[PDB]
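S.K.: Next come the chains, spelled out residue by residue.
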Amino acid sequence: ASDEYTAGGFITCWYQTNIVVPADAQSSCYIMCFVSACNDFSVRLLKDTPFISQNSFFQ
Amino acid sequence: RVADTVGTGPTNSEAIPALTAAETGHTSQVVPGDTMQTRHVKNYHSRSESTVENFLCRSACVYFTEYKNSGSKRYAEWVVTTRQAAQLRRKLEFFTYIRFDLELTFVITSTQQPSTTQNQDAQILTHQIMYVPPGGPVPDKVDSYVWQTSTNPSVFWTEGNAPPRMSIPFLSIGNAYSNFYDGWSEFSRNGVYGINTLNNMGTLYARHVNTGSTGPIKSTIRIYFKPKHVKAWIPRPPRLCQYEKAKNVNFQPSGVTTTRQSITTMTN
Amino acid sequence: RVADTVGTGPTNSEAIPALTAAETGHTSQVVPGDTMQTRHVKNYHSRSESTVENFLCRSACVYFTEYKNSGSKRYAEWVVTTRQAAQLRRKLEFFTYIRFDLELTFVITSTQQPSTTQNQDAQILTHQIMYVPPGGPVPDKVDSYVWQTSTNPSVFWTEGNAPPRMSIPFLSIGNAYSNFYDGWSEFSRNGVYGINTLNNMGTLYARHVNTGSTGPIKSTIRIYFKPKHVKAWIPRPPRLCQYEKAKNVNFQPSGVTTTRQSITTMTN
Amino acid sequence: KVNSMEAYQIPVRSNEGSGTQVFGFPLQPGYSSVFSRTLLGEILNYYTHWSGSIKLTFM
Amino acid sequence: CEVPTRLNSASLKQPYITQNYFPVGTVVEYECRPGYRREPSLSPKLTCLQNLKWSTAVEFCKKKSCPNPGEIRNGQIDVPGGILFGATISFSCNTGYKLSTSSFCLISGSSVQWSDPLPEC
Amino acid sequence: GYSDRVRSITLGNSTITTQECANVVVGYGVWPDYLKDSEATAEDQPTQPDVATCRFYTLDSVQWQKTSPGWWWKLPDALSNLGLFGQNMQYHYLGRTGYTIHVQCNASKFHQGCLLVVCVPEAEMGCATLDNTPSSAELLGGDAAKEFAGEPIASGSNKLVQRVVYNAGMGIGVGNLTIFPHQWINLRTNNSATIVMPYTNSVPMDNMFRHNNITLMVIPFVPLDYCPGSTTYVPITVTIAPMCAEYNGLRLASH
Amino acid sequence: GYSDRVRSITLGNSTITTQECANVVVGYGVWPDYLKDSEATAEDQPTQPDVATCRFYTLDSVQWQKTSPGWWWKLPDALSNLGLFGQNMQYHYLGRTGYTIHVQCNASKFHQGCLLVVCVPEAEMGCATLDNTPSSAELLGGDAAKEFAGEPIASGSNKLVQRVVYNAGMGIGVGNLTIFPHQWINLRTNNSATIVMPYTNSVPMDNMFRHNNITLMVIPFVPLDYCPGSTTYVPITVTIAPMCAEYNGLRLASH
Amino acid sequence: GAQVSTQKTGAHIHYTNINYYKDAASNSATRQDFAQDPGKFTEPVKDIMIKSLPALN
Amino acid sequence: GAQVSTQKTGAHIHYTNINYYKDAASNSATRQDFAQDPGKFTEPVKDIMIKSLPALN
Ligand SMILES: CCCCCCCCCCCCCCCC(=O)O
Ligand SMILES: CCCCCCCCCCCCCCCC(=O)O
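These protein sequence lines are chains A, B, C, D, E, F, G, H and I, in that order. Residue numbers for the first sequence follow the working numbering, so the first one is 191 and each next one is one higher. Residue numbers for the second sequence follow the working numbering, so the first one is 220 and each next one is one higher. Residue numbers for the third sequence follow the working numbering, so the first one is 220 and each next one is one higher. Residue numbers for the fourth sequence follow the working numbering, so the first one is 186 and each next one is one higher. Residue numbers for the fifth sequence follow the working numbering, so the first one is 20 and each next one is one higher. Residue numbers for the sixth sequence follow the working numbering, so the first one is 40 and each next one is one higher. Residue numbers for the seventh sequence follow the working numbering, so the first one is 40 and each next one is one higher. Residue numbers for the eighth sequence follow the working numbering, so the first one is 649 and each next one is one higher. Residue numbers for the ninth sequence follow the working numbering, so the first one is 649 and each next one is one higher.
Keep in mind the hints are simulated off the structure, nothing from the lab. Among the hints, erroneous ones may be present.
Claimed, not checked - In silico DSS-like pairs for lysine-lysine, Cα to Cα no more than 30 Å straight-line: (1) E:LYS72 / B:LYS466; (2) H:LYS694 / C:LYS445; (3) F:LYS113 / B:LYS450; (4) B:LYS437 / C:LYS287; (5) E:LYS32 / D:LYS186; (6) B:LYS292 / B:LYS466; (7) E:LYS117 / C:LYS464; (8) I:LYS688 / I:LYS656; (9) C:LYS445 / C:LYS466; (10) I:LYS670 / B:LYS450; (11) C:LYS466 / C:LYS447; (12) B:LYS292 / E:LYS72.
Unchecked claim - Pair ranges (Cβ atoms, derived): (13) F:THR276 / E:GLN33: 51 to 57 Å; (14) C:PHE274 / B:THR345: 47 to 53 Å; (15) E:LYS117 / C:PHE274: 49 to 55 Å; (16) F:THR276 / E:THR37: 55 to 61 Å; (17) F:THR276 / A:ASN245: 43 to 49 Å.
Note that beta-carbon positions come from the ideal geometry of N, C-alpha and C, so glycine has one too.
Whole structure, please, built from the sequences with the hints as guidance.
M.R.: The structure is reproduced here in structure tokens:
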């Protein structure tokens, strides 16, 4: 959860140089990002997801 | 035990651990010591609470219904299904096929209803919970002959005691439970479509064995399911949308996530 | 076992055991046999009740709250904190950092409230106590869906039975608990200041699972904390002043001790 | 953009400047809206403590 | 079906408010109450299902954020509860200066603004 | 010497060659095989054609446009009317096979885009109306491809399938699908993607006409783009080869 | 297998990757190291931060135009105000370090050009007026790059540096500079050039604020050229990492 | 016929278990099976991929 | 797998203990750890100080 004591940091990306595109080639591109846990990853206290919800028993 | 970090130093080689192609779909097995200098620290952390068992091995209410000692509704019935609630359903839906034993627990609570009958001195109520396997004689009335429970299993509980609990083995004609089904009841691709076709767990009934008092009383039974000896296969993504029905996966379309100000915003 | 005394005799030497300098801060390790003649007596006394465990290993009420079966307040909540009471707080504050397992015990008692409803014949009340870890879905109402307690831990108790008790491990992201903190929530030295910043133990809820009777009833739950497996570091002086708040150490100034007649008075 | 696939594309194009920013977000897998619904985030939201390294792959 | 479920964030759209008969398969739409801002991912619609029960409902709106408080000269601002709709900031002064004392984020027109302006100290 | 960007696959009387390929994904690390004697339940002897059934079948092609949401295919249904495979699964009551999927796209060095190619086991889908269930025609497209929809399908008294691309018709997250054996076609890196899938099910054999085990989903995550002057028609082709296929319960043909 | 066109460099908490690189030039065949006990002169113990000081610092970028003469950088001056390196050399009286220089340029297969990237030790420069000497501001540019001039600087009563590109401000020959460890960036062959320089001086340590040991000179020998339609803004970036840095004589900060 | 096994304790003391029923579905839960093999989901490829080498060469 | 230990009796007769749960946080309290070392609080000085000798000489 959001706690200012356990702050994480900031992740940013910047243009190092400039995109170099030849004539007759689109100059607007897209990047994609994937995230994965490392070998040292670990979690430690079962709880209930905030997202799941219900107003009354289904069917 | 989780893997400890390894100490490394500077490097000017031709080894390119960071550069890779995700077109293959192979997740890169890089560690922090590959793209920076690291210290060697022993890691004593443990993935003991992340095992499938510890994850699904908790009691969760899957239904509750109310029956009275007078009037019309004298007994209660429930068609066994784990899709009635949202929390346990969403925890179970992480996997395509699951095999698990079940620890059932029942909580029964009574309440006096508003009336006008004078001189009310009740006695202790006893409850009977009868399970009928599919194909059995379902009770048609509260004083039905079927309540004999010769072959059928039954549990009798007197109010004021500890809640009843029993253990049920892996019941299935298949080799594992199916959380999802992509087929039809008939071979002609018509009729019931979905996990409803596979479902066939029978019906559960409940009644007051005695009236107890001359005044009205309403009882409510709560069903709790704790999975144990869990084995699971083929994981799948968690339900982004909210559930709507118990017999089907029908949903209302929703966005992937929640919107922020711009692509350079550190706050929600 | 405590150290036995040693028999000594007269002395006319140059050894000066009594004379010392307390400027160093070294506590003098002199025994009575150094400044007088003593007999040799074996000492069988034992410091077994002075150990950290035996000191803090006792049940102590840290909070109690009241909820009803009708009206507005249908359920009760409490943000976990050991600073609510004075006795256990002052016993714990002897040390800067403490690491300990917790044995929680709950006492629940009901009471009939004055009304005018005739023909009151109640049934046995059952109570549910649900613990929500921080970040969980807190109940917004008494018939909330969150009460399913799938992942969340819960305890169900029927009145007339033995009080519920469970054991909680050392929960902390650090390596020890902190009774005192000298810092701010933000790195800019602004915002919350004190032990409140470190606190993050979640919230505890409680409700009646059934109305029970047509008349009003108020229940009160009491929380008891017994520390076990205690390990402590850096001792500090006991609280001379009286406590005022739970989130901070703010106090009203008080004298060091109580005043007598003169400096040569043998009485209080 | 969350109601389409455009939520997954990072738009980098050639410009007459250098050193500008592409994106930035905090390291809060459980709380940040960016990582909340990822597999890692959906698994974290069932727990209370997390500890380990994070891998980000940019294609 | 009965009356649609009440939600703190949004309010039933006109004219559904003045309607008491809802057949099965009837859709109702909501709208964000002041200040509350609409959430683009969630859609504010509910359908009466066959069981005469409305579809699952979640907060379709979120509290609006008041502007940044600023920086009072020779003064310290205390923000215990964020800067969302309904929060309260506290204005204090340093040792050696004399100073309103508090400001409240309230709906003023079509957006939310602070009440008392920054004092002088 | 060798490179690793060239790969040939030979099955039956068919061969597939590739000059720009990524690796080959192998299911869940399991290679398809036959059924063992200690895990079977049906008692009559199975038939194993092994040549005609185990060959590359090439379905139709689909045009990839600047605004295409994506396509999906049910493999037991896709090959139902094609070759001996269709005749075998038609007469027989029970069937068991593993599917190898090869999806190929061709472009230049001036074209850009990205496809996700994923095999979903048990892809149960939903309906536009919350009450009611989807029709067989909407869920199953044979000899053709079904297309997702960019915008939500309207709810009325209908049996149409919810085709939203962001919910993949299952209400889940399209990004999280990677949990299933998948691959990418990045037009700057690889022309084709190959996935080998074993037989996944909860029972040893199953009727191949009423249950569809796996579903192939080709979804463009980055739209196709090019500058005027270059080719505007870019098709996508899918070749499916059944592997280790065995059948049981010979009965009158089912239409 | 391997190629030799890919190279990664890791220093401190920073990493540099390259897909099209030539070899790595190593100074005069000497790798930077620390000072030995048999060659030191100062007697107090040195400080060796070794992590924060030894990391990649990225200066600003410069646009390469069809008519750019070239740029030069004084390394002790360039990193003077950047990071702990600047704070260390500020408080201390003596310093000793080796500099690794990475210069990167990005383009297409339709762009042409050629840069010489050279490290000159003791690049003493001249003044437009024969009498008088150049001003510190003209010789040293911090947080920025100094540019050469295509045509000769006018002589008057001024302290301006002679910036003629053909004389490199030293009056010598630009072609003969290759005697210094250098590299080329040919836009048809390599994106970046990397040079590793040890500590060269006539004394063991030296004050890093009044003497600049080496100077980096990036000079386009063949002008940038392209046809209309392709990208017109092509920047050049320089990353410098100090190596084996030690300091002596802690004293009050010098501004 | 009892089983003695180690408990879950912190890093940096045995327990006893007897089965009373005869169905093997009535035993306690198996909470101490710490075995992993993420090579089926991560790295499901056919040809091995060494980390330091280029992926496509 | 039981533990037999001595009890707390007066100066001048064994007890038996079995653990039933598998968490090591559910055991009883450790009441019999009689170990002391007051040299950290009393006498924390660097140079040793003999009792009979003068402190500052
Ligand atoms: C004396 C009372 C006995 C009650 C017995 C109830 C048995 C219920 C069995 C339920 C098994 C789990 C069903 C899972 C369904 C599924 O996921 O396909
Ligand atoms: C079924 C009910 C479960 C209730 C669980 C309650 C857990 C409370 C944990 C409290 C731990 C001790 C807190 C110490 C705080 C401190 O000193 O920093």
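S.K.: Run every hint past the structure and note whether it holds.
M.R.: We went through each hint and held it up to the structure:
1. Among the hinted pairs, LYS72 (chain E) with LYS466 (chain B) is consistent with the structure: their alpha-carbon atoms are about 16 Å apart, no more than 30 Å.
2. At roughly 57 Å between alpha-carbon atoms, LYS694 (chain H) and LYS445 (chain C) are farther apart than 30 Å, so this suggested pair is violated.
3. The straight-line distance between the Cα atoms of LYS113 (chain F) and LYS450 (chain B) is roughly 28 Å, inside the 30 Å bound, and the hint therefore holds.
4. Distance restraint check for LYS437 (chain B) and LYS287 (chain C): the Cα-Cα separation of roughly 19 Å lies within the 30 Å cut-off, and the hinted pair is therefore satisfied.
5. For the hint linking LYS32 (chain E) to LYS186 (chain D), the alpha-carbon distance of about 25 Å falls within 30 Å, and the restraint holds.
6. Restraint check for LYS292 (chain B) and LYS466 (chain B): satisfied, since their Cα atoms lie roughly 25 Å apart, inside the 30 Å limit.
7. With a CA separation close to 28 Å, the supplied pair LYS117 (chain E) and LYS464 (chain C) stays within the 30 Å bound.
8. Our distance criterion of 30 Å between C-alpha atoms is met by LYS688 (chain I) and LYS656 (chain I), whose separation comes to about 29 Å.
9. Our distance criterion of 30 Å between C-alpha atoms is met by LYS445 (chain C) and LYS466 (chain C), whose separation comes to about 22 Å.
10. Distance hint between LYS670 (chain I) and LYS450 (chain B) is fulfilled; the C-alpha atoms sit about 21 Å from each other, no more than 30 Å.
11. Simply put, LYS466 (chain C) and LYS447 (chain C) have alpha-carbon atoms about 25 Å apart, close enough for the 30 Å limit, and the pair holds.
12. About 21 Å separates the Cα atoms of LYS292 (chain B) and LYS72 (chain E), which keeps this hinted pair within 30 Å; it holds.
13. A hinted range of 51 to 57 Å holds for the C-beta pair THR276 (chain F) and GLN33 (chain E), which are about 54 Å apart.
14. As the Cβ distance of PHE274 (chain C) to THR345 (chain B) is approximately 50 Å, the hint placing it in 47 to 53 Å holds.
15. For the pair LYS117 (chain E) and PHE274 (chain C), the beta carbons lie near 50 Å from each other, so the given range of 49 to 55 Å is met.
16. For the pair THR276 (chain F) and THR37 (chain E), the supplied restraint of 55 to 61 Å holds, since their beta-carbon distance comes to about 58 Å.
17. Under the hint 43 to 49 Å, the C-beta atoms of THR276 (chain F) and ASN245 (chain A), about 47 Å apart, fit the expected range.
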